[PDB]
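Undergrad: Here are the chains, one letter per residue:
Protein chains: 2
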Amino acid sequence: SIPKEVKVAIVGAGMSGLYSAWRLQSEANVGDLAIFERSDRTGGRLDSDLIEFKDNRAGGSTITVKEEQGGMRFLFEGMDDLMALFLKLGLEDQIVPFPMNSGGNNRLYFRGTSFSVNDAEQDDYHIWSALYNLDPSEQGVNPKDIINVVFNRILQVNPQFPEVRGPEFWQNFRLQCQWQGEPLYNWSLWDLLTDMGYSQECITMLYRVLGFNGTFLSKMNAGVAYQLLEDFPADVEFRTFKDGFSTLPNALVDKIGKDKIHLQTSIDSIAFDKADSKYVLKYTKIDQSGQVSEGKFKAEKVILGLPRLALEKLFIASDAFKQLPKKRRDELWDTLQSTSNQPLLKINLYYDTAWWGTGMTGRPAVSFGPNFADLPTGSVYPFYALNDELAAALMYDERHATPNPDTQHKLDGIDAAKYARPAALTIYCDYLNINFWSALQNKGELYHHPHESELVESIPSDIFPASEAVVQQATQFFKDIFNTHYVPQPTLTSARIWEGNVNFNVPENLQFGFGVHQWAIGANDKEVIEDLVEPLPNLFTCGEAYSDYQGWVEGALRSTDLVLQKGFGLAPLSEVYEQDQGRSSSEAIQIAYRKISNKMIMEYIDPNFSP
Amino acid sequence: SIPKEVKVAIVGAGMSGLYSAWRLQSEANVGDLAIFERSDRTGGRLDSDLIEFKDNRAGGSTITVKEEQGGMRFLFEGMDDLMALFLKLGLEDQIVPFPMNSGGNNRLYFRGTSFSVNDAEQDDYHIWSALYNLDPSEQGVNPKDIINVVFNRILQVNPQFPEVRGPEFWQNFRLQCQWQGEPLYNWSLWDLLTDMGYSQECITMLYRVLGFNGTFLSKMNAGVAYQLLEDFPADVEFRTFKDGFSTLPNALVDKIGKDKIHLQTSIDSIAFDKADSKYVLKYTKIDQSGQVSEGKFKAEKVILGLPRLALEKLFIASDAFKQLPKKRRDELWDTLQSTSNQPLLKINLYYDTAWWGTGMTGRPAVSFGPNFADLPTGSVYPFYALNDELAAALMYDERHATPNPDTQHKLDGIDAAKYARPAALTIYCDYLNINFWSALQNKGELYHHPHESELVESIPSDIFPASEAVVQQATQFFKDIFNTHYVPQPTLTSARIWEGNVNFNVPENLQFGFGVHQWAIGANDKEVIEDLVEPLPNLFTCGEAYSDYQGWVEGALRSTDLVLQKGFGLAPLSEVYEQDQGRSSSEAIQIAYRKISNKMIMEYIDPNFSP
Ligand SMILES: Cc1cc2nc3c(=O)[nH]c(=O)nc-3n(C[C@H](O)[C@H](O)[C@H](O)COP(=O)(O)OP(=O)(O)OC[C@H]3O[C@@H](n4cnc5c(N)ncnc54)[C@H](O)[C@@H]3O)c2cc1C
Ligand SMILES: Cc1cc2nc3c(=O)[nH]c(=O)nc-3n(C[C@H](O)[C@H](O)[C@H](O)COP(=O)(O)OP(=O)(O)OC[C@H]3O[C@@H](n4cnc5c(N)ncnc54)[C@H](O)[C@@H]3O)c2cc1C
Ligand SMILES: NC(=O)CC[C@H](N)C(=O)O
Ligand SMILES: NC(=O)CC[C@H](N)C(=O)O
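Top to bottom, those sequences are chains A and A'. A prime marks a further copy of an entry chain.
Residue numbering for the first sequence is 14 to 72, 76 to 177, 181 to 630, as defined by PDB author numbering.
Residue numbering for the second sequence is 14 to 72, 76 to 177, 181 to 630, as defined by PDB author numbering.
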């Protein structure tokens, strides 16, 4: 059942569409809105899974493993809009550490060699000079520090151009700093380092050892690439939600109501009734028996919270756009082209127990963070069965305290216990590595462990299994990476390739947009962003794909915030938060987390902890 | 001035549109046809340049250098349609060797190491085991032979599945041979070698050392990739035209008439007048003062000789297509998607003299063929000022004769003389290397040698100069590749990036389609090809992009030949040739070339030559 006419139509039930709805309901009384979503699920590029494995330990019990098919981490600083969102939805009590290292034990596979992070530090970083035919100025330093030093040189040469480095910083950085008279957004990073005199060997080392080579090889420009590279310092304290990033959209859905959200309802095109001055949205819904329907309705205001690919599709097919003048239609198409599509993927393999601990490898145990490799892997992130004690031990560790032997010893048993509970690995890769897995996942039968109901009762709806080819090659690279003969067969598998599709012969449950976007070369994104708020009268665009903060949910909320500003008069949520609370969302979130971490620690770790 | 109405409208003045016109005029009396071309030049992806440098040797004389901005080589076997075309246009007297090696002196740059082909043979191919962390089964053999052996294994395991290996062979190969129960066109080559057990090191070696990595990393499927890899054996005797591949389209234009060809006339869209049963083609022409015009005309039969990208553009914007039923419109869009777009580029740098001969390097001289590298270069091909004696010496060399010292000694002076005349290098790269040059060519001022009229009188219309950034980095890689401190500044430069564009803010003289295409994964190209001959009634498609022989002009002529068959009753030109001549075009072209080579040799090389 679909309304006649709504005050605002919301196209897209990702984070951008949901956020708009909740803010207009709550902050603007607007209750005559509805959300139209083409998939059978809400939340878009945020997609968590919770598997209740059958406890089949010697001892009808269930053990839950959280995992991510999309978004996974966030930060307390630089995401004020997202922090305020958390604080206002009362979700901060679920916030849990996302750790990024294992004390140097994380894995590294390059040029047919498997080793650890601590290994790579040996001997003035000798191994890198041995695997890569580096220039003298490029030897004897840690790879990541090369990107670091280059950043510092860029800043030294642009004095014309700050403790917390947020989207303002990153927009001005790429739009105002230059190199050899050319500003950074007219540069590719690949051309940048080369022009700076780095060897091609060094440059391949950089994009292989950073796991995500699109920053170098894609058409994305150097300035936005840097924004991404300097988002993962050594001392990052990422956090996540215990039950997954889907906590946030689900929490938004409860507070919107499933009755204003219309699933399996793709908005096909939009015209504008010149008479009663209302947009007219042609759509296609599948009902619950699976029998299609094609309708149409009006709306005074239209909100498209859609990425680059979806927006071109509507633009092509909509009378509201075609009947625009040649110059403005072509100008507006042209500025759609100014953000580059970044494919991403994540393939999760669950195991009844974890085999990368010292008990199973005979090598120093791997715990948390990315295991990088120049194999199609890109990077590999371990995920563990949910467990309160473990998060407390992780919370103790975010504090760089000095445990006394009693507490150190208990942290040991905790660090080792997790290997006995179920767990999973994610292969998270980008640009260059995608095609390898593409062809793999679409060829041959799909993988299923035998007796797949004897462990795992419900299997979530959003889980498409990895192809048997994908598991096969993933199992061989894992042996390579973790330097062990022993990698068993997954209990469960999921594959998800965030790469937009233009083929009609693809089911809905397999159609997914481009995982991330990043500003293209030559793209003045100050003009692009502002021209895409209200490009037609009362028709708005918002979302991550053309934000200040590409690749992150904060990007979606800031881009939506401009829509809620220009079309509805709401100021930025972070500014709203401060006025109502007398302090920032950054400050409020830290104080709140400190208390829960403080508790969790005295409860499980050191009952005598003092901050 | 543009006709009311023609019997056949030809959209595209590349090789496919020109060939259709000439065959319908000549073989079918149809003279009420006209060609509509969006650019200011005929010929499409065939684009030769001829520069008359000012002879400024000590001694108003001009020295001409042929070069290629697109297509450059062909073969006497497997291109029967193209050979018959040559023989019927009387162009065989201009056919000249295109050599592919320099006796082992060609260059190789990999992992920061410059060396020669003869070097790589040393010591059971030792250098490859030293640059690449190869598996034991992958050491001690020449890289190219790995692709060779893998081919032979594929054939061994498919006995169900031939002296001259033409398009029939290659279609059946990829559509009927399988590996692990999956036919080759359901495979990527990357996944294929991996599943066969090759190391990732080995696989990076293969796609770097073959210069054109799209065969591995693009979405093209394994079978078509092989067709391309086994098109360059060791013993290839490529030939070209002395004045360039543009000889062929120009020769077609003379025999069509510039009066039936309409340049700067883009066909914008096509509808179908249901009344007088005629297609109706909306267009846009620029006149000779540069003032636009938008007209329209009819045609009984429409011939689109256009690649994948151009065909989608019309499909989107044409009432003849939109008003098709949902299922057939979406089916036909879907099968447009079944050939993968392969970007290509070629950047030519001309020099008053050649600096890679032993006189300028102190190293064994480089002569002909690809100098490969894992640098963004991809490959580098030397081009020399035209010179009759040189082609005779090259013709002597296609015969693997054994010169007596007199003749050997004269071939020496000839081999060395060319370094003193002007010459040029082409950087010919693909897939992964494109973006590097992209950003380079679009940033900063464009390169011009000072006093650029004091040598080079006319500069051809199709020459866009390389950006000053492109020359800068090209000059540094050349020093790397040719292992010399000394690489001077080009006298003239051209850049041309065969990568389709969707931006309106691009001039016409910079809009170029995708350089080549290759069959995607999952694409049964027997069905795709035949469904795209006459997809609407009396509206036809032909060209390279969906041919049996992607990447070559023979592909365009065979795909057009199906259009001339189904819509007009003409049999294949090669079959036509045989009936009229009593023998093949392969046989006739070899006998003709043998005679001219036989002459040329006795004239310049060994006046006592016996075949
Ligand atoms: C692999 C991956 C990992 C990530 N990790 C992180 C992370 O750790 N931290 C972080 O902060 N961010 C992360 N992100 C980014 C985050 O997922 C996004 O920034 C954000 O979720 C996208 O918000 P959006 O609403 O702009 O887009 P989306 O979430 O993609 O919303 C678009 C929605 O519109 C729907 N839609 C499309 N067309 C139509 C139509 N015609 N009619 C109706 N509905 C339509 C789509 O189905 C989808 O539901 C990650 C992204 C990916 C791909
Ligand atoms: C770098 C490179 C090197 C190559 N080397 C070789 C080689 O050595 N040997 C070989 O055999 N082949 C080679 N080829 C392949 C060869 O160039 C092509 O196979 C062939 O020339 C293309 O023929 P076509 O007519 O199918 O396409 P095109 O030549 O591309 O013809 C398309 C034409 O249609 C025009 N057009 C497009 N849209 C419209 C419109 N709306 N209205 C009007 N006109 C329009 C375009 O401007 C163009 O003129 C090479 C190709 C490239 C890119
Ligand atoms: N490459 C990107 O922009 C992805 C960033 C994303 N937030 C992540 O966790 O990886
Ligand atoms: N990669 C391709 O298909 C290009 C082939 C083309 N005939 C050439 O000379 O390179």
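Simulated from the structure, these hints should not be mistaken for laboratory data.
A hint or two may mislead.
As the list makes no split between identical chains, a pair holds if one copy fits it or if it spans any two.
[To be verified] DSS-like cross-link-like pairs, simulated, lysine-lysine; straight-line CA separation at most 25 Å:
{"hint": "1", "residue 1": "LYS261", "residue 2": "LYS545"}
{"hint": "2", "residue 1": "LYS20", "residue 2": "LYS345"}
{"hint": "3", "residue 1": "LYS160", "residue 2": "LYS429"}
{"hint": "4", "residue 1": "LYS345", "residue 2": "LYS277"}
{"hint": "5", "residue 1": "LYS317", "residue 2": "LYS261"}
{"hint": "6", "residue 1": "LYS346", "residue 2": "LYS498"}
{"hint": "7", "residue 1": "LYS332", "residue 2": "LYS238"}
{"hint": "8", "residue 1": "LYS346", "residue 2": "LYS315"}
{"hint": "9", "residue 1": "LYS585", "residue 2": "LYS238"}
Undergrad: 25 Å Cα cut-off: does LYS346 pair with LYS315 within a copy, between copies, both or neither?
TA: between (29 Å within a copy, 21 Å between copies)
Undergrad: Between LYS585 and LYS238, at a C-alpha cutoff of 25 Å, which is it: within one copy, between copies, both, or neither?
TA: Neither. Shortest intra-copy (31 Å) and inter-copy (42 Å) distances fail the 25 Å Cα cut-off.
Undergrad: Treating 25 Å as the Cα threshold, decide for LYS261 and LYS545: within, between, both or neither.
TA: Neither: 36 Å inside a chain and 52 Å across chains, both beyond 25 Å.
Undergrad: Cα distance capped at 25 Å. Does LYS345 pair with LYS277 within a copy, between copies, both, or neither?
TA: For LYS345 and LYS277, neither the intra-copy (40 Å) nor the inter-copy (31 Å) Cα distance is at most 25 Å.
Undergrad: Between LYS160 and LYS429, at a C-alpha cutoff of 25 Å, which is it: within one copy, between copies, both, or neither?
TA: This pair counts as neither: shortest intra-copy Cα distance 33 Å, inter-copy 57 Å.
Undergrad: At most 25 Å between CA atoms: does that hold for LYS346 and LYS498 within a copy, between copies, both, or neither?
TA: For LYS346 and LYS498, the Cα distance exceeds 25 Å both inside one copy (57 Å) and across copies (47 Å).
Undergrad: Within a copy, between copies, both or neither: where do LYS20 and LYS345 come within 25 Å Cα-Cα?
TA: Cα proximity of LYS20 and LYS345: none, with 30 Å in one copy and 31 Å across.
Undergrad: Under a CA distance limit of 25 Å, which applies to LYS332 and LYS238: within one copy, between copies, both, or neither?
TA: Both. Shortest intra-copy (21 Å) and inter-copy (22 Å) distances satisfy the 25 Å Cα cut-off.
Undergrad: Is it within, between, both or neither when you check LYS317 against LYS261 at 25 Å Cα-Cα?
TA: Answer is neither; intra-copy 40 Å and inter-copy 66 Å both fail.
Of the hints listed earlier, those the structure fails to meet are numbers 1, 2, 3, 4, 5, 6, 9, in rising order.
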